[PDB]
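Trainee: Listed below are the residues making up each chain.
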Amino acid sequence: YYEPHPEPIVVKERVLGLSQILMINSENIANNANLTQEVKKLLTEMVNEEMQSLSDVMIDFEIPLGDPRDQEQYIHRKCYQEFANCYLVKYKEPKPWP
Amino acid sequence: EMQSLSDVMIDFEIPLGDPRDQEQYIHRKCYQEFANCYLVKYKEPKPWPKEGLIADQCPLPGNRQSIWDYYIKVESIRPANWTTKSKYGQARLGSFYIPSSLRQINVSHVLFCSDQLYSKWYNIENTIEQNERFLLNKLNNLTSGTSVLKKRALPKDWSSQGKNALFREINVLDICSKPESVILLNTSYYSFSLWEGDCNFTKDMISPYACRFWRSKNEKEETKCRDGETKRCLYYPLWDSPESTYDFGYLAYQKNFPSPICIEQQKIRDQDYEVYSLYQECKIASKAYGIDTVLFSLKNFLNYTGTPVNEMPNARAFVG
Amino acid sequence: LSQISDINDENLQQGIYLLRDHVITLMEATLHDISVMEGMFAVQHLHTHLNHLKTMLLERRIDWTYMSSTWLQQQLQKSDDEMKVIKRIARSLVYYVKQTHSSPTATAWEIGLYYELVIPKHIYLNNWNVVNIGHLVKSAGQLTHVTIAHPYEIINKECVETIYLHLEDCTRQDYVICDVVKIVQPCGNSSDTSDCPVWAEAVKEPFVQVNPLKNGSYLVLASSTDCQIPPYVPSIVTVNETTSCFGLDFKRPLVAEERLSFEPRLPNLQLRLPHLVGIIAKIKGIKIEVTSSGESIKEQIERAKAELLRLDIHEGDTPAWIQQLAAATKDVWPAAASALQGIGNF
Amino acid sequence: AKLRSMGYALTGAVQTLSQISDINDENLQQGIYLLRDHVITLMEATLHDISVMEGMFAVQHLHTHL
Ligand SMILES: *[C@@H]1O[C@H](CO)[C@@H](O[C@@H]2O[C@H](CO)[C@@H](O[C@@H]3O[C@H](CO[C@H]4O[C@H](CO[C@H]5O[C@H](CO)[C@@H](O)[C@H](O)[C@@H]5O)[C@@H](O)[C@H](O[C@H]5O[C@H](CO)[C@@H](O)[C@H](O)[C@@H]5O[C@H]5O[C@H](CO)[C@@H](O)[C@H](O)[C@@H]5O)[C@@H]4O)[C@@H](O)[C@H](O[C@H]4O[C@H](CO)[C@@H](O)[C@H](O)[C@@H]4O)[C@@H]3O)[C@H](O)[C@H]2NC(C)=O)[C@H](O)[C@H]1NC(C)=O
Ligand SMILES: *[C@@H]1O[C@H](CO)[C@@H](O[C@@H]2O[C@H](CO)[C@@H](O[C@@H]3O[C@H](CO[C@H]4O[C@H](CO)[C@@H](O)[C@H](O)[C@@H]4O)[C@@H](O)[C@H](O[C@H]4O[C@H](CO)[C@@H](O)[C@H](O)[C@@H]4O[C@@H]4O[C@H](CO)[C@@H](O)[C@H](O)[C@H]4NC(C)=O)[C@@H]3O)[C@H](O)[C@H]2NC(C)=O)[C@H](O)[C@H]1NC(C)=O
Ligand SMILES: *[C@@H]1O[C@H](CO)[C@@H](O[C@@H]2O[C@H](CO)[C@@H](O[C@@H]3O[C@H](CO[C@H]4O[C@H](CO)[C@@H](O)[C@H](O[C@H]5O[C@H](CO)[C@@H](O)[C@H](O)[C@@H]5O)[C@@H]4O)[C@@H](O)[C@H](O[C@H]4O[C@H](CO)[C@@H](O)[C@H](O)[C@@H]4O)[C@@H]3O)[C@H](O)[C@H]2NC(C)=O)[C@H](O)[C@H]1NC(C)=O
Ligand SMILES: *[C@@H]1O[C@H](CO)[C@@H](O[C@@H]2O[C@H](CO)[C@@H](O[C@@H]3O[C@H](CO[C@H]4O[C@H](CO)[C@@H](O)[C@H](O)[C@@H]4O)[C@@H](O)[C@H](O)[C@@H]3O)[C@H](O)[C@H]2NC(C)=O)[C@H](O)[C@H]1NC(C)=O
Ligand SMILES: *[C@@H]1O[C@H](CO)[C@@H](O[C@@H]2O[C@H](CO)[C@@H](O[C@@H]3O[C@H](CO)[C@@H](O)[C@H](O)[C@@H]3O)[C@H](O)[C@H]2NC(C)=O)[C@H](O)[C@H]1NC(C)=O
Ligand SMILES: *[C@@H]1O[C@H](CO)[C@@H](O[C@@H]2O[C@H](CO)[C@@H](O[C@@H]3O[C@H](CO)[C@@H](O)[C@H](O)[C@@H]3O)[C@H](O)[C@H]2NC(C)=O)[C@H](O)[C@H]1NC(C)=O
Ligand SMILES: *[C@@H]1O[C@H](CO)[C@@H](O[C@@H]2O[C@H](CO)[C@@H](O)[C@H](O)[C@H]2NC(C)=O)[C@H](O)[C@H]1NC(C)=O
Ligand SMILES: *[C@@H]1O[C@H](CO)[C@@H](O)[C@H](O)[C@H]1NC(C)=O
Ligand SMILES: *[C@@H]1O[C@H](CO)[C@@H](O)[C@H](O)[C@H]1NC(C)=O
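Taken in sequence, the protein lines are chains L, S, P and W.
If you're matching positions, the first sequence starts at 1 in the working numbering and goes up one per residue.
If you're matching positions, the second sequence starts at 1 in the working numbering and goes up one per residue.
If you're matching positions, the third sequence starts at 1 in the working numbering and goes up one per residue.
If you're matching positions, the fourth sequence starts at 1 in the working numbering and goes up one per residue.
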């Protein structure tokens, strides 16, 4: 005799493994939203609250790929997120507003 | 949110009948699409007669008003030999100009979709599920097998036999909030003027603001330049500028102070309108041809002009 | 692998293959909506997003906000409906969380996420669970329950063809996932069917088993008759009016509406058992294998013969032995049985 | 390829009721009984709170619900 089995059945071919790195930075978010120094403090409290809670229940695991610090895409996107619109200007010689 | 849910769930057959065959599915789909959508038919085609509109009841810019879209501003700087007659025809600079798109000679019907002309039965204080039942009953009570409303439903302006069962009557301040509504549906143009000259009212003939006309007439219209008759030249207007005051006519209308108000009627359209209900046509046609067809058919009729009326803002959703 | 596309290579095996280079993602870039919002409205929209990411990761799920669908589908080269199954069964691991900067007005964090995507070979939707019922046999005095050992656990039927599946190494990530699925044939006594083993086991008399089915019928297996139901062979029973059978109430079922069926129809099968199956099952005191579906008369007999011959006559239970010989002889030679039974009671 | 499961529609019969109240009938058995007609629901009607809110405050309240 028989009874229904409503759940699907999947036959495995293989498994693909991926590593994604997520980078968060409040200053980039505060600039686009035209925030004030009072609300910047709220943004900062709010983001730490959520991130810390996640940090507090997850132990570390070794993953057998190379160090991100050696990869171009990691170097290019970290320099951008920190120093994209930062410049240094040098006067021909020092002269102040008169 | 909806797409994310769609992206992890495969389909499953459930062994009941098709919703498309069930009354409650047909009635709640027609409602959610066409509840407050109506079609009005003129006795014969007749457009709004003038291109200039005197309407002092509305407060000028100096909350935002909808009629400010049609407000001619008085500018101090103009080009050389510039006249209103060149640009805004016979309109009085500092009042309102009605475009030729809202004054078409061949327009026979007006199609609108808004809940802002219902008589006192409708209240936003009440519950959605009440306000549904209330409308759903009224539309059943005011109809008989077709989608044509009974003359009782209309206001006394649009029909001799109207008793405001469904619709209220358009008032004097409605022009400020809902311009197109008035310009397309009013049977007669009524003026409201505190301009020195109208109805032969002379400054002597009067038998902070007090007894005074808002805008007095100057000698003539002129410009003057300094060897640069092209871009920047001073302009001298034919009337005064209301920028300083800007509340005069609005405060006058509400009667905070006495003033020489002028009002003149001009008949546009015959009081014999006919009004169809697109919610009642959806229910009736879906019993014969099935909802999938009727829905698609009536959704195209809302896009007859090229802009769909149901996606316009609620107060401005009136089309000829 | 050097590219996600390389996972579809035909001469790969069943294992874990890692993409060689990390995927680097800035949230500012991902969340467009916030970019155009202002003040606290921007702040509250981000809060909702960060609180949802946290909720997914606690359940070991993937939040597909931070990865393009078009990109993944283009690379994997799958259909719209395959992608839905792939995204439902994927699982996440958080392998580090690091605060990179901390001012009173500014912060920055990094998160390491590791994903494992099962790539399907085949998906099976219309499935049934097997339930072995068996058959009772009364042999040389002993009541015995007999069962076939089927080489499948699931029957599948998508359209018209029925298929018999044997699963191995299975888990549950919402759906059932198996490493090994072998397609088999049902049991029979022929070259084109399976040659399955048959188990026997001794049971206590009287035996009664009644299972109420969901559609409103009853499944019955019983050593004795009631309400006209034959004994020893099982059957699916239905009644037109409520009545008491085997000391419980068999109710009339509620009228149903007929829909398109997907019920399997197994092939029929005759099965010859050894003459003394009841004595073989009794002297083991456990469930024991007695034949195969497709065994010869000669092999079947030369199987408990030596065992059975060595249950010989003894000085200490001659009467109890003689009574077994009679019960064994009754169907073969009824005249001899009646004699032996007499010399027993003397 | 276009998947669609018959996992809840496999047996080729169905027992239906005309009212939820009918489930408590004493001479029913242990099985699955479906209510015959679908329940039709508009969210606008269900969520009262949003109706009286304005601007982005209305939008953010719906987001939380969805
Ligand atoms: C609760 O749920 C349970 C299920 O869990 C319900 O019980 C089930 O109820 C069903 C009714 O809906 C029963 O189905 C019916 O079975 C009848 C008997 O079938 C057998 O006999 C057939 C005839 O045999 C004689 O005559 C032929 C010549 O015509 C000779 O060759 C023979 O020698 C006999 O003399 C025979 O055709 C059947 O054979 C098929 O099944 C067996 C296995 O059981 C296979 O070995 C065969 O190969 C064959 O299957 C294949 O081929 C057939 C076509 O030939 C295909 O249909 C199959 O898919 C497969 O490929 C059996 O030996 C049928 O008479 C009866 O037929 C009705 O319906 C058909 C249309 O489908 C009409 O054409 C007929 O006119 C007739 O109306 C029907 O199929 C189930 O048996 C029963 N299940 C169980 C396990 O008991 C229960 O009712 C539910 N209760 C409630 C309250 O809802
Ligand atoms: C679109 O269509 C709508 C109609 O659905 C229309 O709204 C109506 O607008 C008119 C005109 O403003 C309103 O009528 C006026 O009401 C005035 C106030 O009414 C009170 O006072 C009267 C008594 O005076 C009472 O009976 C009444 O119960 C109220 O208490 C009223 O003063 C107006 O009456 C004057 O104007 C008419 C013009 O035809 C005239 O016939 C009268 O004799 C009267 O005298 C005139 O006074 C004016 C100055 O005030 C002067 O210029 C003129 O020379 C006088 N004429 C004479 C002969 O001496 C008038 O009745 C009406 O209430 C509105 N209806 C509703 C339902 O609100 C919109 O205005 C239209 N919109 C557009 C943009 O076209
Ligand atoms: C699976 O299916 C098989 C095949 O059907 C079943 O085994 C057979 O069972 C039947 C019924 O019990 C037996 O029938 C009898 O056959 C003999 C004649 O057998 C001789 O000739 C055969 C010709 O084909 C040959 O196959 C036989 O070979 C076997 O036996 C020899 C000797 O032991 C051995 O050396 C071989 O290796 C083979 O094993 C053999 O030479 C016949 O005399 C019987 O007649 C009686 O019955 C008929 C009909 O009622 C009646 O008219 C007569 O008067 C008489 O009473 C009978 O027909 C058949 O011998 C079996 N075959 C085999 C190969 O064993 C098996 O039971 C099924 N298994 C299960 C688990 O269900
Ligand atoms: C036990 O098995 C019986 C079969 O031997 C079942 O009897 C059948 O039950 C069905 C129930 O749907 C009956 O169908 C009804 O038919 C009558 C009219 O009868 C005539 O038309 C039918 C086809 O509709 C035809 O088969 C008959 O020969 C007649 O010509 C309708 O009024 C009903 O609405 C319904 O359609 C079958 O008639 C009936 N068949 C037989 C051979 O008696 C019985 O239900 C089963 N009992 C239990 C307890 O399950
Ligand atoms: C954060 O604040 C900045 C600074 O005000 C905002 O940028 C400004 O955005 C407005 C509206 O888009 C721009 O005004 C419009 O500009 C166009 C192009 O010149 C013009 O056609 C319109 O008539 C109107 O003037 C404005 O240009 C722009 N800022 C400046 C200084 O020019 C930004 O939108 C804010 N970010 C938010 C709300 O997320
Ligand atoms: C969306 O906008 C509309 C249009 O402004 C809002 O409707 C308005 O609501 C206010 C407050 O409830 C009403 O003002 C009050 O009306 C009562 C009754 O006449 C009166 O007793 C009070 O003194 C006050 O005037 C107002 O009547 C009503 N609109 C109009 C044109 O009359 C609506 O509340 C807004 N929806 C929201 C915030 O969800
Ligand atoms: C409403 O009607 C207009 C005018 O017919 C439609 O405008 C067309 O839209 C399609 C979109 O694929 C374009 O390819 C055409 O070029 C458009 N034509 C013009 C003249 O603009 C519009 O799509 C309709 N909208 C709806 C919602 O039905
Ligand atoms: C309006 O209708 C008239 C009469 O049918 C026709 O001559 C004219 O072309 C139409 N269009 C305009 C813009 O007048
Ligand atoms: C006075 O008003 C009447 C209204 O009929 C008008 O005909 C006449 O031209 C006006 N006269 C002057 C001098 O404004």
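The set of hints was computed from the structure by calculation and includes no laboratory data.
Ideal placement from N, C-alpha and C gives every residue a C-beta, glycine not left out.
Just so you know, not all the hints are guaranteed correct.
[Claimed, not checked] To give a feel for the contact side, a few chain W residues facing chain L, derived at Cβ under 8 Å: (1) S5; (2) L10; (3) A13.
Trainee: Each of the hints needs a verdict: does it hold here or not?
Mentor: Verification of the hints:
1. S5: At 7 Å from the nearest chain L Cβ, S5/W passes the 8 Å test, so the hint holds.
2. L10: Holds - the Cβ of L10/W comes within 8 Å of chain L, reaching about 5 Å at its closest.
3. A13: This interface hint is violated because 12 Å lies over the 8 Å limit.
In summary, the one numbered hint that this structure violates is 3.
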